[PDB]
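This document opens with one chain alone, in structure tokens, the form solved without this ligand.
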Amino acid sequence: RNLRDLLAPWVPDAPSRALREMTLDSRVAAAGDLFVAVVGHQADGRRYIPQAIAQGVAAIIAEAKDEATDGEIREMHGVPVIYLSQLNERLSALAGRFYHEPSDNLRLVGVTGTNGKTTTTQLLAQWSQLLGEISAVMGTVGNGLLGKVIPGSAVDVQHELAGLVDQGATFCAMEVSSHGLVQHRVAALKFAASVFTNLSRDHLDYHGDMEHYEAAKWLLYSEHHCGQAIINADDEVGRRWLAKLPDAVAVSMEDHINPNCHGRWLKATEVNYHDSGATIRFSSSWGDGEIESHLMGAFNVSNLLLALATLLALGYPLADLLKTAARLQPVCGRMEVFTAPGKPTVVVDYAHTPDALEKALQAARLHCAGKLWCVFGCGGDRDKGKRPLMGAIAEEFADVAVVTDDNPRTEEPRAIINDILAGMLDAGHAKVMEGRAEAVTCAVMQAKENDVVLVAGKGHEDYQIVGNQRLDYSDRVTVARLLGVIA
């Protein structure tokens, strides 16, 4: 880490200074640090140059806008201050070089879209590690090697990737947000591949608005090192982009592959949704096969097929992917299935809004030969408007609604349940059972072998809040003990 080597691609005359860390914040700047002074969200980091100098930073790189020309080298208190124009745009490349290009020292796959980013990244990291990578994730759940994921400027992204490379990671699956892409947070990253799940943007009904949105996105991907493109052809926007990208991989589970293109493709031909997951039959330009997925619902078929197409595009052999597919796991507490010989199917899911609850029930219904049970409640001392909507959704999409407690906090637990029931056409056909453990047991012990019990609202969140008390309680553990299995 040397200022002269750091800036050699952009500023040839830069003095030699040993550098420690790269920071945007004068308050945490230490002796030897490189301070980077950016103009940002109603803030000007150049205001904090004197504090950064007083903390003993070795050098400063600063926005040139209205202060200096691009590449201008100044000196303040014997500290080099180098000015760069458009420093927000260049910060990714600057940090990339500072951290020795971490995206050139592992296989980085980016995942963009409205939904399925978390699941698709976890599947990419898991499947790659089953084939012998040391894989890592960066996303909304956090950053780290698989099993060690812990809960963001262009500098933080490059630093975190460098941290993963230092820990032995050879593969990283990164959730990329629309906001991250637009604010140049991944601008200099070398993506081996870019995955598009779907675009659920309301607000885009006007042709000029859809045109400008698409124009902004096309411009961004012309500026990035996207690598191989893997696109969900079941998304209308995905299909429009596939029509313009002949080297992209088209993925479908709904017959949207156009075979006249002679491009690379992967298509589910048949799915059997059953008690413990999905049997997925598929054809592809790499060959055909059948996958035993332990994930639940149609959207998770799509997520898995995107991850498969990505790894096939990157050269992972179909035979090795097929042989490891049965080891792919759900995201913990997301449509997580619990089965046992001769027992009902139980799905634990985090769903705690009307929309998540409807999606979870629709997904669970596909796997349900008998009756669909829904065990749920609503949090106390929070917004109450969702209570009757969740009741109506449970009544509509489930055969048996079992309304119980879910963190009633200091609110009268039955008050919450009354709000849920008020949303129903026939409240009298809902079951009510208090104790959540008792309500889960009720559903699981009454359900038939070919029934599906959805236990919604907690997922992995191993507590029940009653009054001021965080009680030890887990849906996953309660269901596991009832079924005689290990959570």
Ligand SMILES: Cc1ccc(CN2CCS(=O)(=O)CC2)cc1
Contents of the next structure:
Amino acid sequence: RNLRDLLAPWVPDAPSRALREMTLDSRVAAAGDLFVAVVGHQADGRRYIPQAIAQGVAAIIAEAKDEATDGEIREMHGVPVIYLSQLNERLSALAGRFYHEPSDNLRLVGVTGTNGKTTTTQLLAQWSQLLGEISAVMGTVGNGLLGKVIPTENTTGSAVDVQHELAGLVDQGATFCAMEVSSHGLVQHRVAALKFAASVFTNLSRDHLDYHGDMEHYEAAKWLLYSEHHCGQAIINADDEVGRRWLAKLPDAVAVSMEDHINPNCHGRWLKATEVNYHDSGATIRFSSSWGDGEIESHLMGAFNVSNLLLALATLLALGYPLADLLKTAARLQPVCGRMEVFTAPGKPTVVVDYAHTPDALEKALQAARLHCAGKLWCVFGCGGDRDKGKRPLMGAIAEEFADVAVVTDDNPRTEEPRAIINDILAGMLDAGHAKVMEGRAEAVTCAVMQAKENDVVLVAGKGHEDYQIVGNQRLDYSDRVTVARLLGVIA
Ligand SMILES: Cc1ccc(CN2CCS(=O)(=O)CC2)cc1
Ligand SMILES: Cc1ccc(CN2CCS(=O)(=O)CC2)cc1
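Okay, that is the form solved without this ligand; can I get the form deposited with this ligand bound now?
So here's everything in the complex, that chain up top.
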């Protein structure tokens, strides 16, 4: 890594310096590093140029605004300081070049939208890996090779971090990466120089866009951004209103629908579910497409996961993965752990474990579960103690309305009186007397599972993958998934 070669596309006469790492943070900037001094909200990195120099950085690249002209090479204490205009806009490209263009050394698929980003990302990574790739994910659940994702707990990734982490995955042997792209990330030019093989839009609609002008400006803002990016093949959910409008303007984009929103007259590429049977262990999805027709046995639950699966299918088809091989591997696609995760056993009720711990998520989960439920829908849940109490009666009302049997139990009561939490939940119900209350979560889960009929579905909500019950100050070892598996005579 040489400063001269790094800047060759932009600054021809740049000094030759060996460079170690690229950083925006003067605190971590060590000897031999390239320190990049940017201007943002409140913060001006050029402030810390002397500190970085004092810490022995090999070179600096700095926002030219007000202090210099574009491409201006200065020299401070023997260290090159090269100034670039609109440095925030160019940071992705700068870092891309520094890290040897990792997006040109694997197949990068970007996924954007409000809902289904995480799931669609995981399905892309899983499915590609089943077809022989070494797949990776980047997003909110974390970054890493499939099955080895390191959480992004409390770390906002800059344009440099994005390129760095992608290069990390390349180094680890990744040939495919499914990346969640946040609305904020796109606007802040954090993926500006990435060569996306495909861009997947789970939805383009947003709230607070009722005025024609606002909708107009939103669309224009986004369309502008996408015109500046290397998006590759566009795969767009046509069940979204904005999606459809965009599809009408994008003859090379792939239209994906499960609600009959494909318009055959355009002769574009398309994929649509023609019928779905939601059964006790997943969904049988019959589909037609410009690549051919087929039938997939998905082990994911609900209509939203049909959409997500179809988006991943359409994307991989667009990228040239053979339909036959995709069909042959579809049954091996699994849910994101504790996200509408189905557990079935011969002659037992179907049990779904989901993380849903808010009123909207609980409603969505129950609505999804209902589709697969020939008999009665059971809902086993509680609410966390020592947290906001407002959701409690709302979750009670939801359980009462969207389930047939509400089983109210404990869920991390912490230091709060467990029964007090339950009372708050019951308060929200029209007929609290119709709900079952059982304390001991394990006991409540058992109650539902052992009593529920063969054709019933039991939703166990609130924890998903979170393998503990916080009672008092103890993080006691407990798992909904393990409890359910044992009750069904299967393995979690
Ligand atoms: C430290 C780190 C955190 C997160 C990411 C992932 N990246 C976030 C920004 S994004 O949404 O524009 C594209 C994905 C990378 C590195
Ligand atoms: C998903 C997406 C990708 C690109 C664009 C902008 N692009 C401008 C050049 S074009 O008219 O050839 C094709 C559209 C918008 C949306």
